[PDB]
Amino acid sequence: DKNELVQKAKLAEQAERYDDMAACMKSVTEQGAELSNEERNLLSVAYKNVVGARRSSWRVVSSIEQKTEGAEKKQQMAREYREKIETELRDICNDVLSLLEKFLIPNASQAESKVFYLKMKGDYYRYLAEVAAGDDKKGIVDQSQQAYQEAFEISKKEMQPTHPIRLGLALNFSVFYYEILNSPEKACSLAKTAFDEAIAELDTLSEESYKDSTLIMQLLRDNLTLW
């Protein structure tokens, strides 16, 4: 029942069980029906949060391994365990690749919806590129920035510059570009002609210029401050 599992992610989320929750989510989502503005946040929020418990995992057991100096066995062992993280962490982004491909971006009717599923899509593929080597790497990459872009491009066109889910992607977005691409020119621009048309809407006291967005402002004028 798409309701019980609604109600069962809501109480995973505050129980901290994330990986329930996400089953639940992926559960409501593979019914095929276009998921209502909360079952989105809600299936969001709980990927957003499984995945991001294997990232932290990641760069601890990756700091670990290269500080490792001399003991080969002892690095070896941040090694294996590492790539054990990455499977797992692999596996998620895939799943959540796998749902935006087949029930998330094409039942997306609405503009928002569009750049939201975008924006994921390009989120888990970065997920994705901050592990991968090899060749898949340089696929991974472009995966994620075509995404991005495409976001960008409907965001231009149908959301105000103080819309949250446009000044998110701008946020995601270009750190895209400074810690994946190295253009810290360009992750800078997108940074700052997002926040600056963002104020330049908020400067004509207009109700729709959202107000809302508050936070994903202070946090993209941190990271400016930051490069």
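Positions refer to the first chain, counted from 1. We call the rigid core whatever largest set of C-alpha positions still superposes within 1.5 Å between the two forms. Compared with the form deposited in another entry:
In this overlay on the rigid core, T214 has a C-alpha that sits less than 2 Å away from its partner position between these two forms.
With the core superposed, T204 shows a C-alpha displacement of at least 2 Å between these two forms.
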Contents of the next structure:
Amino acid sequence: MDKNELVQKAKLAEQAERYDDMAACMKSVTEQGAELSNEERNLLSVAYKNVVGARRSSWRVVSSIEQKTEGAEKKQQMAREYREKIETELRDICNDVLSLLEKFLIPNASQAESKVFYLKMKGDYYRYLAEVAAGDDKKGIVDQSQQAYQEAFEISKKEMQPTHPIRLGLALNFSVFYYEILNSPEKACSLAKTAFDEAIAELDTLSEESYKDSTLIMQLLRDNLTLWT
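Starting from the form deposited in one PDB entry, produce the coordinates for the form deposited in another entry.
The text that comes after this line covers the one chain and nothing more.
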């Protein structure tokens, strides 16, 4: 319909915690082909984060039940079959986001900030695919995630301040990729530690608009470092 109505519907759905509605609204906004404002960008990201996050959380639970029912084959087969059903929904949602990124979001990004944001997003949704990838497809999926994160990383290093929350957020999620997907603690820790120290050395470049997001991500970066050591 009309874009302003769709955005207002999306904001209502968010308050109601109806994230399927919220994602449907923001996907329609995106498909109209015009570059998203920062507010629209955030709404789209929040909606799909919640939609895919529901399945990722169910997947972790069912996958853990599957492991705990080793030696009880009837129950374990049922947990495996339910996990594979959740995985199909998970892939469908990720394919949805990734297609929006390819056709509309990344080609339209006219600022380094938007470029980094959407490349990070591409890295994220390929990473969620990698979490549940198995066969010949996994290495290519992993490589797509790495290339997206790498492109964002280079742009952000050249164009954004160390304290910028999108630069910090990218370092956070890229380090998680290195640890959880590439199985490389040292590259995860090196990335998270460097992002933290560069930011902590430049605190007076924090703006009132963003210091809460930035200092939060810094804490998360050091949390991951602590855990990984």
